[PDB]
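The block that comes next holds chain A.
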Amino acid sequence: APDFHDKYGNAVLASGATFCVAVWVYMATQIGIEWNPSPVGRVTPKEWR
Partner candidate 1 sequence: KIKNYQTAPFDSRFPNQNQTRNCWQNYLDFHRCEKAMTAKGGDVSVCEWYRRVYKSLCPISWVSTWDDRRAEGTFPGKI
Partner candidate 2 sequence: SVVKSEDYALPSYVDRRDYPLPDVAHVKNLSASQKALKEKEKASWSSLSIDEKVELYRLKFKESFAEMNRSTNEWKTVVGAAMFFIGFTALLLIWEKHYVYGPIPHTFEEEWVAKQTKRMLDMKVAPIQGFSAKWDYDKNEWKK
Partner candidate 3 sequence: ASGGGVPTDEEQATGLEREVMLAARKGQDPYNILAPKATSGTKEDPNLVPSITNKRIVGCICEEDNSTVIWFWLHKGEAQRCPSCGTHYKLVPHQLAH
Partner candidate 4 sequence: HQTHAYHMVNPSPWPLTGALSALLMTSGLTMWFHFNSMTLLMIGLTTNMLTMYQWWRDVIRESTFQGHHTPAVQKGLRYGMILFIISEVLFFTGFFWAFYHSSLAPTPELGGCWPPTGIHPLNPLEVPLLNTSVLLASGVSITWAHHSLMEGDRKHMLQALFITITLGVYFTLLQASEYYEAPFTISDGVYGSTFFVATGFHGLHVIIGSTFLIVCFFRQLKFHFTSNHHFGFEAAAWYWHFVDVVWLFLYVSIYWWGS
């Protein structure tokens, strides 16, 4: 007879993966976290003195 995994495995995998990706993308990009990436290739140096 089909067990829990036969019946719900596909939904648990799909929705777990979707949720995980969505909420980490949100956390990583939408809430003001400063990752402090390299300035290399990114920042235009400005006169400081």
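In picking the candidates, the idea was that all candidates are chains of the complex that A comes from, given by their letters.
Criterion: contacts are C-beta pairs under 8 Å (C-beta built on N, C-alpha and C of every residue); 3 or more make two chains touch, one makes a residue touch a chain; residues count from 1.
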Which option touches chain A in the complex, given 1, 2, 3 or 4? Just the number is fine. 2
Touching candidate 2 in the complex: which residues of chain A? 3-6, 8-17, 19-24, 26-27, 31-34, 36, 39-41, 43-49
